[PDB]
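To begin, one chain is listed below as structure tokens, in the form deposited without the ligand.
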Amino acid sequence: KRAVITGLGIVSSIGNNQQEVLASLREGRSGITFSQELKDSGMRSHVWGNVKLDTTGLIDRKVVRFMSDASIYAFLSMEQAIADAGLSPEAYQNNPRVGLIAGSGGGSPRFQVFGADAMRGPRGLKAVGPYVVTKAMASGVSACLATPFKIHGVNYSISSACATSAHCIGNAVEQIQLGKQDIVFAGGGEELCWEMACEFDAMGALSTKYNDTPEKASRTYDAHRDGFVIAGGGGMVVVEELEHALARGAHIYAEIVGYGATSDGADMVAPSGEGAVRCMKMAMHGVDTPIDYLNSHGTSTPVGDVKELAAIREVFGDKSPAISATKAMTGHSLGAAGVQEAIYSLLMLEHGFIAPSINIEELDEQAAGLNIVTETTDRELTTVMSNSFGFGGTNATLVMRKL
């Protein structure tokens, strides 16, 4: 019935494992860099939240033939999580009580496009090859990790744009509550490419006025923000039943004490405060300890940023928690944003500190009811909340508490 996180792994723009991420979080270090690729694309946005790591050879030759970047990032993250959780092969492999729920927001635009361009050339089918489905299909991330890691429980992906990996974690918690699984690896991944990025630029969602100073592009809550900074990477956490975790001497980060999942049912791409309010409240049902820190969705967009603050004001009124948007550092990894940010939240809980909300040169007026921390502050945290509100009006929020 109770769900705890007994392990975590992450490959991101500010770190290649939890240690580099930590140091990065405490330092308010940007993972954003200039992109020749995007510029060469014709996009007006030339800033990236790229993973600094040559993934070549990092995965078995026969295994990686099926994967796309999103899958590669999730795989490496899962390798970490397994080691971190102290899970031996005989403890999670060929085990009907061990499952996998991980996905991506966009699958693999790069390999869908690759398949098309190839089919339309002199070589036709021969130039396409037999690995484009597993790479391009929406369930790529889950399909590509379940087979190699020998998962026997649930196996599928959940997608919900900026909230996909958060919904992945919440669903994992439900499997534990339903007594269907003892362990569920939850998370997701996302490739970084002009193929997909141009789509967001086309709808004016990405930053375009700070290409000369990449590290200043992502500026959640700043009066001059102008869209988010796309990014890629992976993340994965080990969701485990309390008793099973205690029974084997597992190290527990936090227990998932709250999980909200609602729908706006109003506007596409644009967020409605109501909806987010219900999501947070739903995550708070039963949680009687205060929320010490809130890791906002805050993607650095004019509308979205102040729409989330407004929701927070409703849910908390005058007891508003310390807030910070780590996206000003990391960028928006879409499908990987949910689990990655849960991981940052878990790290701040474990090491007692609040990561800073960087690049706020002029706090947005609509943000007067402060407590948005713009400086790394050491504090003993007990209960933290992470918000994920994606396109299509799909919301998710998780509440993690120290045991």
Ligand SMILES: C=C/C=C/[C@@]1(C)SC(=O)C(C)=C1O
The other form holds:
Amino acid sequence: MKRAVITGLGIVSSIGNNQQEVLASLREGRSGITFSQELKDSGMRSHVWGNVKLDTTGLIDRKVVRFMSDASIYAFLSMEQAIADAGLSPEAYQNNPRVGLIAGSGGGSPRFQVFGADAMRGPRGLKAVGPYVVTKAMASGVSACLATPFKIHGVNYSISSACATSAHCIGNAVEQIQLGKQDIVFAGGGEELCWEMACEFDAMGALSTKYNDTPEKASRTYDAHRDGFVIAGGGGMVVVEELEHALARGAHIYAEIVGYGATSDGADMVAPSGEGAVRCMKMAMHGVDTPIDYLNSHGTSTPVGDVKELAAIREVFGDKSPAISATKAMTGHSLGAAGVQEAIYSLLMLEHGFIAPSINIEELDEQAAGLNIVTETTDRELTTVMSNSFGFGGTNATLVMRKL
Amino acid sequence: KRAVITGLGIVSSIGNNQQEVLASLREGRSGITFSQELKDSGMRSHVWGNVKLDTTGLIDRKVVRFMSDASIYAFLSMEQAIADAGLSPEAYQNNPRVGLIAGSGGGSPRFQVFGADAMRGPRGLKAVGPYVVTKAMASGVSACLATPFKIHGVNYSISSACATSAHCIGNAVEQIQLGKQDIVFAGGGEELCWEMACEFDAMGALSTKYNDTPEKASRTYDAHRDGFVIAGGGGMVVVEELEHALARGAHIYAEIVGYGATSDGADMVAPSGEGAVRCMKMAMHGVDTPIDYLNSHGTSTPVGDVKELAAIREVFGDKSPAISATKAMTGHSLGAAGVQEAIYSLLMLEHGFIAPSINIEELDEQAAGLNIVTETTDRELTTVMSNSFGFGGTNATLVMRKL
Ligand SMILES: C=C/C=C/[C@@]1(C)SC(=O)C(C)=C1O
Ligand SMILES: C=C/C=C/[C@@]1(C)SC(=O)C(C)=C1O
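What does the same protein look like in the form deposited with the ligand bound, given that the last one was the form deposited without the ligand?
What follows is the whole complex; the chain from before opens it.
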């Protein structure tokens, strides 16, 4: 089996439009959460979100962007960044059977799905719909919209697994390398931000509703007064590359993907079982001869979910648990984009030797006792980092990344 | 490590189990009907491949409450596959070596739209209810099955438009090859609704000239084809590691001996041909038996049909296999097409026949020379190929061989 490394990255998020801006927000413990007039206007109870603060007008060519929803736009721009950051040029990655793309969203595009239906029911029907809704709204929008303009010839599909989507995308990319089928796979995803989708999470009571007057305090993972997650949008993309291929071209290598866990609860639809996560982390830690220095938790800021993961971490590690922070307290929950963005946050912490703070803990949950939850930015020489992604439907992903 | 198919299940326009499907295939029987729903919506295409089954009460209330139609069809298909594979609950449930990879092309446009419509009404959130997320999310098909079937292994959806459930099967094979799983349930489902259908109609992808004769609308390779006929349904196969299957005395349909997965990197909604050539060649690597039958993607589109035929010619030259497009009978079930057509191919393999490519009244001149079978033909088959090409230039091919 071949080894897989990360040789580039790109990110559009609530806390930065590139890796430099994101690095700055992580070290500062800056919140990306703002009041949303759009959410309030729709009749929602959650009025806060992790929005992308970027004018994307003119950033993608007219004939390319016409097929794209926001999830695709966010993923495309991240992919541009990742290509450049990897030091890759068209002659190397384009029209190359051994270079692929695995990237998805959790929701596709509810916005253009609803636009399509709204337009169809109006007096102009098909003519008001137009010819571009399928590529905007289909579940595989994110992969279809990137593989075509980037001239990808290798693998091309999307993995969806709700909150674990882009973490599974990365892990499947690793498998492509291990099987010797691909030299490079761009892995990640994107997620639009809109009332059309967010109202679905509000109607199940999943979103924070009590902190709308103080938007930066709404997302408060592990705080005893958390009341659900803060919904976010954005994209992320990493370049997953075979080790020898990377070394031979003098690539910059952030880390090796040394562990990939993928498991299922087989229990509850919208609540974590715990034992699924335990098995997932163990799978990711298998054969890894170094300790986990830092854990970027799934920790979405939900009453049951936050502490269920903690109980799982305690089971896996015991007394000697790693430093833990939940960056969703800063960023919000970008759903399908969460896995890659959080793999990137963890890689920036690995690369730059620090731990981002788990913010908005005004009163630590009684069930979080005895663990190392890092609440202020602390410089440390990290070697091996772990990222957890647990989604609706009991789907679990865990990534372990280590310096070479 | 080797992967075999040990069980199958299907809910399609041409049958609600493998026996009804078998009969439809041997008979060249159309599953296409007139749709008042598509007509009422303002569409130009008024034909569809509908599931002729009322699914009310077939799934536990507390389980089906989270599900859209795509998930319902896949679930029912999975029950059949479990039973067909002879797997007790103790064999496959609460088992880390047993997984599920199943997707849809579209998620649930119906419930995406319902949520937004409900929210804009006088009841807002209380009308939306707590179930729309699991229904509308892109991973609904996997999420809604993994849980009630007590799946402990892998649990996610591959999505790639028309190639969706084909990549699901191929990824399942990879899980076996890597030694991570002993069993993976692989397949997909797709709902059938104007919400999604009108999007395909608005880009001109759907057939519109044959609404008075619904059964003649889907007509792959016919000179007067005018687009595909939308369909819904589900499929599921049991992908199983060989030694595991042999040990428990499983009935094996075939081994998956080849899996191609490529990208066009060309056009969004038109195929390049080039990518399909590479996909089929990739599926044929190390396969030294001839292809006895090819189940084409063949959707009944002017450009698409002959683009795939050209790719077949380039791959096979003057050794081109027997070909039929079962979509002329079934319609195009999108995310469910890959697994359903693998199942049709598996049925032809098991029962020694070639299903007809129907409704060819005038063979396209670009299809001249080729062995497109238009009549049910009894034949001993050994090795079969099935193609799936989706929008976004995404390609999958599966090659299956009798043991
Ligand atoms: C099995 C379902 C997973 C549920 C989790 C823990 S995953 C998630 O994002 C949120 C908000 C939850 O409640
Ligand atoms: C990348 C474009 C693929 C297009 C194909 C061949 S895939 C498909 O289902 C239909 C109807 C087409 O026209």
